[PDB]
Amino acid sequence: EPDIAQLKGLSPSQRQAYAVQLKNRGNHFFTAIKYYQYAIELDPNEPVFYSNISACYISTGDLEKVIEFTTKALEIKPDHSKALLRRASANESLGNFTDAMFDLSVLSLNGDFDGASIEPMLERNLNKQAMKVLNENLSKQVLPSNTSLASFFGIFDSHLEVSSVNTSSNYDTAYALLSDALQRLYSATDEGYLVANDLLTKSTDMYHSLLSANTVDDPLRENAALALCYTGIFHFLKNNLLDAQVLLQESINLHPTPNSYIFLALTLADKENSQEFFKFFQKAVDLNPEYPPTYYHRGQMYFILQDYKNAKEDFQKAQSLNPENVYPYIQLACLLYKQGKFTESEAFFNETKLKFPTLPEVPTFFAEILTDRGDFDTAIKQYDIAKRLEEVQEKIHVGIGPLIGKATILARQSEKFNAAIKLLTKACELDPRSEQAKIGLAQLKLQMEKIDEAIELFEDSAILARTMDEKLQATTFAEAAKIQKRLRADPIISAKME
């Protein structure tokens, strides 16, 4: 109704004075947008007009307009508390979680606001942003670390496995390759795992071809089942659960074996419903009640489930079937510890050490328990002993586990900080597929303000991580650090961060 174009043609002072009057009218209509817009048309240099309009759009629910006009207020007064809080809210609603965390971060730098009163919204936006990025990445061929692989295959009898290839077929022209793949697998070396993965795939292809012919042997079917079994579990280790189940069932259909059932159970495992897991292991036991790895793997599930009695019996059975394998001893000692029986656990570890004096598995798992007890001094010494034993072994036993355990004690103890960096850097070099090593190193990079390097280690770690929870954890660290990068990139912000 007032003629704004006409008022626009008046002197700056008149326009400024008329604009206050227009804004005043707007404030009344508060009982509005039209009058604030009029005010802005006349004097675009008053943040009050923009902040007032943005309050209108909150009322009307126009989120995009709230962003537009809070931003206009903030261009003039970048620490306008009301505008920062409104823009963060609208941004959170629109799914712009990074922009919400940036404005909430700037807000906290205002000493008028208790950091603790803003942290819950920073945290909520961070978790939303991590889940957004994780889901995007999931929506749009790498092995676990050599340390993890040595651990996974540690229970099996290397010589038994390699010898399980049948040389009596009249049709099997492929078995030398399967024999080679298993020899390389059970070498427990860096080269071994890489080689095993490619050679098991190639073997499986060759068996798929031989099985397609009109003439096939039982010895042949058994070798094909064995290739499929190990290729299946490699799929599982590569986080390809679907192709894992397919090949493992193919294997079982050809020639049911304990390993085939153990590997299938592992692939489909879920502690929150256990029934199928235990049926698969009972069938594995049926196929060979004297096979130690069946009982050991079932004991681990009972352990996870806190069925300590059944876990003890299964580990004892694995132990009695193959007393020369250190793993059932370790788990028995760990079982004692988790039941609050540290003194018995410690005695069991000491007896195990006498039986296996050169194996770093013993001090490594014992150091883990001491760390859990807060006995950081003694844990360091046990990690030191494990590290020295590991370095001199021919095979991988505990891999970089000791370097990680020691660095982690040193890093949070706090001089030693450089010692922690050197340990974790060595660990990353020795076992480049270890997400544990990358994440530990990234945490220290953050503390010395190498944020770009942190981000890269975190993101690489999420791609490496196997479980959804571990992928989400590493994504969360990456997304948090990207916010840090963004804040540090503004020198005014960065000075206030000091």
Contents of the next structure:
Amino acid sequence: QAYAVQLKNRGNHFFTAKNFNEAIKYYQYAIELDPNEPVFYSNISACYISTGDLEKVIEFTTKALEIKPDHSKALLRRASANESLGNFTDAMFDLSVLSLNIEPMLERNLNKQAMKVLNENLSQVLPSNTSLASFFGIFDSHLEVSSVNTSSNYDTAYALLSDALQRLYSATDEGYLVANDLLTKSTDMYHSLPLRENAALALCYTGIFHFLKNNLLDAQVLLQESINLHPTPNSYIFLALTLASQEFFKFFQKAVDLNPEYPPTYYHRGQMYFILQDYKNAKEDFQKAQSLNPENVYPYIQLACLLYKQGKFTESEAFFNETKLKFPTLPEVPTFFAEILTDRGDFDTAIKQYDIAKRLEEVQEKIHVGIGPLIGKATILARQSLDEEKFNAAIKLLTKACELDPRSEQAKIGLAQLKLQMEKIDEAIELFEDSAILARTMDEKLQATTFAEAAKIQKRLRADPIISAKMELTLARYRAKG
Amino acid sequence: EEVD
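Please give the corresponding structure for the form deposited with its partner chain bound, as opposed to the form deposited without its partner chain shown earlier.
First the chain shown before, then all remaining chains and molecules of the complex.
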């Protein structure tokens, strides 16, 4: 034992002078006298990483870790050689064990893994019914259905298009699936074929559905085609949304030119002004939308929301109250108000407003706010929760929301984070992975894939009794120290 | 980088 230490120190001398071959020779000498010492194997791996033999690093760190599984230098070296070799999951596992005895190394490996899995996964599906009802909420449903021209002598596809629009504007689960289906059919039929006006209408709505399905290129193609056939406010609005400031506002002026009295033109432009912090022009556009369609709840909602974002909560609350008196049965009112209240930190009143909205949504024949209230209440309850009643209540609401609107990535992500918190990790992974498929942008997809890949490491850590015990002890100690 |  003692002579083996002397030999290791001789090896250390050769290591310091960058004579790695002589160092390994002395460390192996030490192993021949005392093979139960992890440091000897660990020291050999330092020689192999300095020369660049990553495969041997893994061999010798592993031999160290087979003796002493918490050996910090051998864990760090093994993770380094694993990362270099592209074994990110293996690196993440060693770094997690090390973290229990680094954080940017773990994150780097997670991001390398998530990026890898997303690319493999990448080499037709509608958004949630809730999102669809929200998107189409501003439109005058009678006007849109009635916009189909029946006076043609050659159009054999008008009646199918009429049906597609009726089903779309029914604002139902089945209606959106049927509309998507019949709209694609109509577009094919119009390509084969008042007719030009109907063709542009079919292409316009098929175009926006492509935008909503995340087919941005297919959206622009059918929309520009629609404009070429018979330009309408809708087609310019829809193309401007597909391409989202200078160009956006150019398209909206073209929309304005075609019909200065079309309410959704000013609503959608007001939304852009709102996002761009131009509160003056946003207000003026929402007021234009309201005057042109005083029966639509959404312009009122946005004017109230504007008052809040400008720091006038009292005036906002009063505007919401005034809106309540005009629209007493519409869940949109308490839903957006509950969003304001949550943001203001008033969780008690937000829950009450979400309860009202849930009740109003249940009695409506059409979808208005969908699962919005369920997500909203559950997110508050989960945040308010050691409080097992509120946590399990949040689980029940999000499970219900996932069941009612299966294509909602928001609901799945919400439920998964909670499943993960209660160590239902397999369930969390599945939910995260389904959320990645449903996710829209590249960053949202990578985000959901990142959650899944991180969750799989947690699963792997939890499967080991010793690591699992260590993890639980860490949490227990943290809570006790608090 | 470092040896024990």
